[PDB]
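Generate the whole structure from the sequences, applying the supplied hints.
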Amino acid sequence: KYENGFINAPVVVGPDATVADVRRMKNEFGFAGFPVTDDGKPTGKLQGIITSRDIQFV
Amino acid sequence: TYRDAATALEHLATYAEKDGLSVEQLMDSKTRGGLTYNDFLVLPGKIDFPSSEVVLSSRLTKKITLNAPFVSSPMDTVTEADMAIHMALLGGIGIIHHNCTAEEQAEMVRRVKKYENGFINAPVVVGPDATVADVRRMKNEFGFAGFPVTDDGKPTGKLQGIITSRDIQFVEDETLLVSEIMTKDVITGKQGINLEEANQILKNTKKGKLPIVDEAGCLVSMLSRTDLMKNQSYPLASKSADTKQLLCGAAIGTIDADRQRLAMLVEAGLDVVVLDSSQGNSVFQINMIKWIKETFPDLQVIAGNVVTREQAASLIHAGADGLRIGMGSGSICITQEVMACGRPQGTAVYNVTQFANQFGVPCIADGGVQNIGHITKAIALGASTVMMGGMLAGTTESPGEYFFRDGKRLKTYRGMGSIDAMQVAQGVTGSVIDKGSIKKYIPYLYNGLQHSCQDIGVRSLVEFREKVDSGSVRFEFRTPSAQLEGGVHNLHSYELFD
Amino acid sequence: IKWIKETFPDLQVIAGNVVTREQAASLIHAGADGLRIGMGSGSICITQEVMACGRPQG
Amino acid sequence: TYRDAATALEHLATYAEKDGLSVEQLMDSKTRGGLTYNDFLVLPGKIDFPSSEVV
Amino acid sequence: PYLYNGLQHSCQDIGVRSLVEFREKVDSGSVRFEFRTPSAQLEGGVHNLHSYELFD
Amino acid sequence: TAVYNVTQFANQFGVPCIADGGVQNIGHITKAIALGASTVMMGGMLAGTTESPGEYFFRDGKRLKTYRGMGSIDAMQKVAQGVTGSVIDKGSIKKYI
Ligand SMILES: Nc1nc2c(ncn2[C@@H]2O[C@H](COP(=O)(O)OP(=O)(O)O)[C@@H](O)[C@H]2O)c(=O)[nH]1
Ligand SMILES: Nc1nc2c(ncn2[C@@H]2O[C@H](COP(=O)(O)OP(=O)(O)O)[C@@H](O)[C@H]2O)c(=O)[nH]1
Ligand SMILES: Nc1nc2c(ncn2[C@@H]2O[C@H](COP(=O)(O)OP(=O)(O)O)[C@@H](O)[C@H]2O)c(=O)[nH]1
Ligand SMILES: Nc1nc2c(ncn2[C@@H]2O[C@H](COP(=O)(O)OP(=O)(O)O)[C@@H](O)[C@H]2O)c(=O)[nH]1
Ligand SMILES: Nc1nc2c(ncn2[C@@H]2O[C@H](COP(=O)(O)OP(=O)(O)O)[C@@H](O)[C@H]2O)c(=O)[nH]1
Ligand SMILES: Nc1nc2c(ncn2[C@@H]2O[C@H](COP(=O)(O)O)[C@@H](O)[C@H]2O)c(=O)[nH]1
Ligand SMILES: Nc1nc2c(ncn2[C@@H]2O[C@H](COP(=O)(O)O)[C@@H](O)[C@H]2O)c(=O)[nH]1
Ligand SMILES: [K+]
Ligand SMILES: [K+]
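Residue numbers (the entry's author numbering), protein chains in the order written: chain A, 115 to 172; chain B, 2 to 424, 446 to 517, 520 to 522; chain C, 290 to 347; chain D, 2 to 56; chain E, 465 to 517, 520 to 522; chain F, 348 to 425, 446 to 464.
Wrong hints could be hidden among the right ones.
Straight-line Cα separation of at most 27 angstroms, DSS-like style, residue types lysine-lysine; simulated pairs [to be verified]:
(1) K231/B x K191/B
(2) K19/B x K159/A
(3) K462/F x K462/B
(4) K409/B x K409/F
(5) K115/A x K409/F
(6) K140/A x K409/B
(7) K140/A x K462/B
(8) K140/A x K461/B
Derived contacts from chain E toward chain D, CB cut-off under 7 angstroms, selection only [what the hints assert, rightly or not]:
(9) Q472
(10) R487
(11) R496
(12) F497
(13) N512
(14) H514
None of these hints come from the bench; they were simulated from the model. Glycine included, each C-beta is placed from N, C-alpha and C at the ideal position.
Here's what the structure looks like:
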C-alpha cells in the first residue's frame with residue numbers, strides 16, 4: 115500500500131467527524147488526504163475532501 | 002526515647018545551617034580550591050510541580066534572551082549555517098566560526114537569517130521569458146521552487162503571476178517559457194498591511210505564498226506558508242521580534258582586518274558578535290569593543306575568553322554586553338599545558354559571574370561541558386548560558402563528512418588553535455563519535471535540564487539563580503571515590521537517548 | 290504517604306529516596322515508617338551525571 | 002538592579018584580595034602541601050603588548 | 465624556538481614583558497595562581513575524544 | 348562451492364538461485380553471481396541501517412544495533448543454531464544500496 119496507481123478502499127471520513135478525529139487518523143495511517151463520504155464508508159457518496167492544509171492551522 | 006514525627010519540620014530550626022554547603026562555602030577556597038564541575042553535586046530539594054512547568058529562559062547578552070541556555074561553539078567542526086539554524090529553531094543560538102573568508106562567513110550568516118521570514122525582503126523572482134530549464138536551475142541553486150513572476154525579473158517589478166514546484170514538476174519540454182506555464186490569477190496583499198493581517202490572508206487561501214504588491218501592482222514583499230509551519234513546529238525558536246528571522250551569532254578576531262569582516266557580517270543581518278580569543282583581556286580586544294559600540298551600536302558584543310574577576314571588570318568597563326568564560330577547559334584544547342595559563346572551569350564561572358552578574362552582564366560557560374549535569378552546575382555557579390563544542394560535533398547538522406575508524410562512525414573535531422585550523447599550537451586535531459540529529463539531542467538536553475531543576479526544587483533558571491545566591495540551594499563536594507560511585511561502576515558491561 | 294496511613298493503617302511505609310536532612314524531615318512529618326537513602330550511588334545508576342543531583346552515599 | 006558598567010574597575014577595590022591566590026598562599030602548606038607543577042595554574046592578566054616583545 | 469616562542473606567549477597571557485618582570489610581579493602578589501584538583505587537571509588536558517593527533 | 352554446484356544443476360531447469368549468507372561486500376556479490384547465483388541475500392550488511400528495525404544503542408564507544416540469528420534462543424523464544452550479537456550503524460540504504 116506504500117505506492118499505488120489506483121488506490122483500493124481509500125481511507126475516508128464522515129462529515130460529522132471532528133478535526134481531533136482527523137488528526138488522530140493522520141498519526142495512525144499516516145497520511146492526511148481523506149475524501150469525505152456521507153456515511154463515512156469508502157463506497158459512500160462523495161461530498162468533499164479534507165487535506166493537511168485544511169487542518170494545519172485549525 | 003524518640004521524638005514525635007509531627008515535630009520533624011519544627012526540629013530543623015535547631016540546626017545552625019541547612020544540610021550541605023552554600024555556594025559560598027563550596028567555592029570558599031581554602032581548602033579546597035580550584036575545583037571543576039565533577040568535584041561537586043547539587044543537593045535535591047522539595048518538589049511541588051511537574052518538570053514540564055520548568056522555564057529555561059536565559060540571557061545571552063544584555064538585550065538578547067533565549068528560551069534555552071544552549072550555544073553552539075564557533076568552530077569549523079561544529080557551527081556553520083545548518084548548525085546555527087537548528088540551534089535557533091530549538092530555542093538556543095549558534096555562533097558561526099571564522100576559519101573562513103569574510104565573504105564565506107557573511108554568506109553563512111545570511112543563510113541563517115533568511116531561513117525563516119515574516120515578510121520576505123527582496124524575494125527571488127523570475128521573468129516571463131525564462132524557461133523551465135532556468136527555473137529548475139534556480140530551484141537547485143537557492144533552492145526553493147516558489148517564484149513570483151515579474152515583468153523585468155526584478156523583485157521590484159510588476160507582478161504577472163507565479164510559478165511553483167507543482168507547475169514545473171512534470172513538464173517534459175524544458176524550453177517552455179514561464180509565461181506559458183505560470184498561474185496568472187494570483188491572490189495578493191496590499192502594501193501597508195501588517196504581518197498578522199497578511200498571515201491571515203495566507204492562511205485563508207491555503208496557498209504556498211502571498212505576494213505583497215503596491216497600488217501600481219509592483220511586488221514589494223512576500224509571505225510563505227512554510228514560515229507559519231516553522232513557527233508552529235518550533236514555538237521556542239530564537240527570533241527577532243520584528244522580522245521573525247532566526248537569531249544568528251558569529252565569531253571574529255580583534256585585528257584591524259576584522260573590522261571589514263564584521264561590517265560584512267552586519268550587512269548579512271548579524272545579531273550578536275563574539276570576539277574570539279583564548280585571552281580576551283587585551284588592549285587589542287578592548288579597542289575592538291569600543292569601536293563596535295560606536296560603529297554598530299545595535300550589535301550585541303560578547304567579549305572573552307576570561308576566567309578572572311579582573312579580566313571581567315576590564316571588558317565590562319570596555320562595554321561588553323556579555324562574557325565568554327573558559328580557558329583550557331576545552332575538550333580539544335591544551336592552553337593550560339602549553340601556556341601554564343588557565344583556570345578550573347567551575348571556579349572560573351563562579352568568580353567571574355559573582356562579579357559580572359552585579360552589572361547585569363550575562364556570562365557563557367565555555368568548555369568542559371559533556372552532559373546535562375555539567376549544564377546544571379555551570380548555571381548553578383552563575384552562568385547564564387552554556388557553550389558546547391564537542392557535544393555537538395558529530396551531529397548531522399554539524400559540518401563534517403563522516404568517516405569510519407576502529408569500527409566507529411566518526412567526525413573530525415579540531416581546536417581552533419591547532420596548526421591545521423590556523424593553516446605554537448594551543449589545540450589539537452581529533453575525532454568524535456556520531457550522535458544523530460540535534461532535533462532529538464537538544465530536546466533531550468532541554469527535558470533533562472527541566473527534570474534537574476525539578477529535583478532541585480526550582481521552577482526556572484531565574485529562580486535557580488536566586489535560590490543559589492540566597493543559600494537556599496545546597497551543594498556537596500565529591501571525593502574521587504564519590505565520583506566513581508556517582509557514575510556507572512562495578513559492571514561487566516553497559517550500554520540515555522533513543 | 291498520607292493516603293496510605295489512613296487507608297491501610299497497618300501497612301508499614303518506606304519513603305524515599307532521600308539524601309538530605311530536609312528531605313527526611315519532610316517525609317517523616319508525612320508519616321513515613323522508614324526511609325530509603327541514596328541518590329546516584331547505584332551501580333547501574335546515572336542520576337548525578339544526568340541531573341547534577343545526588344550525594345556521596347556515606 | 003544592576004551596577005553601571007563604568008564602575009566596573011572601581012568596584013574591584015571593594016574586594017580584600019585579587020582573584021586567585023598569591024604564590025605565598027599557594028605554597029603556604031598547610032593544607033595543602035607538597036605540590037608539583039601539575040597541581041596548579043597561573044591566572045591570566047592584562048595584555049598590552051605583542052608576545053614578540055617578551056624578553 | 466618553539467619552546468622560546470611558547471614561553472613568550474605564556475608571559476603575554478600572564479601580562480609580563482620579561483622574566484625579570486615575571487619574577488617581580490609574582491613576589492609582589494600581582495601574579496595570581498590557582499590549585500588544580502585531579503578533575504581540573506583532566507579537564508585542563510585533552511579529554512573526551514575518540515582519538516587525537520603542537521609543532522611542525 | 349555450494350552456489351556453484353547447486354546452480355550448475357538448477358540453471359538447467361531455469362530455476363534462479365539466491366546466494367544467502369557470507370556476503371559482506373561488493374566483491375562477494377560479484378563472486379556469488381560469477382559462481383551462478385541470480386541474486387544475493389544480505390542480512391548483516393543491511394542490519395544497522397536506518398530502515399532496519401528497531402532501535403540503536405551505544406556500547407564500547409560505537410553506535411550499534413542488535414543482530415541475531417533466527418535460530419538463536421532469544422529469537423525462538425519470541446538446541447540453538449544461531450546467536451545474538453550486534454552490528455555497527457550504517458545509515459540509510461537510500462545511500463548504501
Ligand atoms: N498513479 C500512478 N501511476 C504510475 C505509477 N507508477 C507508474 N505509473 C504510470 O505508469 C506509466 C509508465 O510508467 P513507466 O515510466 O514505464 O514505469 P513503470 O510504470 O514504473 O514501469 C506512466 O504513466 C506513469 O505515470 C504509480 O505508482 N502511480
Ligand atoms: N491518502 C491516502 N494515501 C494512501 C492510502 N493508501 C495508500 N496510500 C498511499 O500513501 C501515499 C500518501 O500520499 P501523500 O501525499 O504522501 O499523503 P497525503 O497527501 O496526506 O495523503 C500515496 O503514495 C498513496 O498511494 C489511503 O487510503 N489514503
Ligand atoms: N521561495 C522563497 N523562499 C525564501 C526566500 N527567501 C527565504 N525563503 C525561505 O524559504 C522557505 C521556502 O520554503 P517553501 O515555500 O516550502 O519552498 P517553495 O514552496 O519551493 O518556495 C521559507 O521559509 C522562506 O522563509 C525566497 O526568496 N523565496
Ligand atoms: N488561482 C491561484 N492559483 C495559485 C495561487 N498561488 C499558487 N497557485 C497555483 O496553484 C498551484 C499550487 O500552488 P502551491 O500550493 O502554492 O504550490 P506548492 O507550494 O508547490 O504546493 C500551482 O499551479 C500554483 O501556480 C493563487 O493565489 N491563485
Ligand atoms: N509569517 C510568519 N509569521 C510568524 C513567524 N513567526 C511568528 N509569526 C507570527 O507572529 C504572530 C504571533 O505568533 P506567536 O504567538 O509569536 O507564535 P510563536 O512564535 O509560535 O509563539 C502570529 O501571527 C504568527 O503567525 C514567521 O516566521 N513567519
Ligand atoms: N586555547 C584554545 N581553546 C580552544 C581551541 N579551540 C576551541 N577552544 C575552546 O574550547 C571550547 C570547546 O570545548 P568542548 O565543548 O569541546 O569541550 C570552545 O568554546 C573554545 O573556547 C583552541 O585551539 N585553543
Ligand atoms: N542455521 C541458521 N541460519 C540462520 C539463522 N539466522 C539466520 N540464518 C541465515 O543466515 C543468513 C545471514 O547471513 P549474513 O548476511 O548475516 O552473513 C540469513 O540469510 C539466513 O539464511 C539461524 O539461527 N540458524
Ligand atoms: K551511579
Ligand atoms: K583542555
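Now the hints, each set against the structure:
Between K231/B and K191/B the CA atoms are separated by roughly 24 angstroms; this keeps the pair inside 27 angstroms, and the hint holds. For a cut-off of 27 angstroms, the pair hint linking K19/B to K159/A is broken: about 73 angstroms separates their Cα positions. Between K462/F and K462/B the CA atoms are separated by roughly 22 angstroms; this keeps the pair inside 27 angstroms, and the hint holds. Restraint check: the Cα-Cα separation between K409/B and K409/F comes to about 5 angstroms, which is no more than 27 angstroms; the hinted pair holds.
Simply put, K115/A and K409/F have alpha-carbon atoms about 36 angstroms apart, too far for the 27 angstroms limit, and the pair is violated. Restraint check for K140/A and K409/B: not satisfied, since their Cα atoms lie roughly 37 angstroms apart, outside the 27 angstroms limit. Proximity of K140/A to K462/B is assessed by CA-CA distance (about 22 angstroms); at most 27 angstroms being required, the pair is judged to hold. As the CA atoms of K140/A and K461/B are separated by approximately 22 angstroms, the hinted pair is consistent with the 27 angstroms bound.
The interface hint given for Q472/E is met, as the beta carbon of that residue sits about 4 angstroms from the closest beta carbon of chain D, less than 7 angstroms. Hint status for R487/E relative to chain D: violated, with the closest Cβ pair at about 10 angstroms, above 7 angstroms. A distance limit of 7 angstroms between C-beta atoms decides the matter here; for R496/E the minimum to chain D is near 3 angstroms, and the interface restraint holds. Taking 7 angstroms as the C-beta cut-off, the interface hint given for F497/E holds, the closest approach to chain D being about 4 angstroms.
With its C-beta approaching chain D no nearer than about 19 angstroms, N512/E sits outside the 7 angstroms limit, and its interface hint is violated. Interface restraint check: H514/E against chain D, minimum CB-CB distance 24 angstroms, threshold 7 angstroms, status violated.
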